[PDB]
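Asks: Chain by chain, the residues run as shown.
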Amino acid sequence: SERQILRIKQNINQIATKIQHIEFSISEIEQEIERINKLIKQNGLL
Amino acid sequence: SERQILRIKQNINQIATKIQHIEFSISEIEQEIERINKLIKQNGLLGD
Amino acid sequence: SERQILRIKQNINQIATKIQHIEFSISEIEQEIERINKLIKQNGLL
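Protein chains in written order, with the authors' numbering: chain A, 220 to 265; chain C, 220 to 267; chain B, 220 to 265.
All clues given are correct.
Below, simulated EDC-like cross-link-like pairs (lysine to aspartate or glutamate); rule was C-alpha separation at most 16 Å, straight line:
hint, chain 1, residue 1, chain 2, residue 2
1, C, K257, C, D267
2, C, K228, A, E221
3, A, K228, B, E221
4, C, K237, A, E242
5, B, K257, C, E251
Bear in mind the hints are in silico, worked out from the structure with no lab data behind them.
All chains should be built: construct the whole structure from the sequences, respecting the hints.
Replies: What follows is the structure in structure tokens.
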């Protein structure tokens with residue numbers, strides 16, 4: 220059915236949008252974790 | 220082809236639920252990191 | 220509607236596969252944060 224297929228496609232797109240947003244969030248987080256790991260290292264913790 | 224349509228819609232719900240949990244875990248992580256940054260600043264560590 | 224339904228299902232699988240990679244990324248971040256909290260603790264910060 221044409222109408223339901225169309226709606227499904229729209230939902231898929233919105234989900235791909237949320238996945239984009241999520242991947243960015245994870246990348247920023249991993250950058251922050253590296254930054255922290257490195258400063259923890261430089262301040263001589265262990 | 221209604222049953223295959225329903226099958227797909229079910230998968231979409233299942234995915235959205237997964238996205239939800241994921242977003243929440245991210246929330247918690249971001250707050251933990253904010254906390255760690257705070258205590259880092261407070262103890263006057265160099266770098267950043 | 221057949222080729223369209225099949226492509227939709229293809230996209231569903233690619234999304235499911237991405238979500239799996241994202242969960243693994245989150246698990247790794249959570250372990251690194253656990254480790255960071257350990258080191259901060261051992262060093263008597265704050």
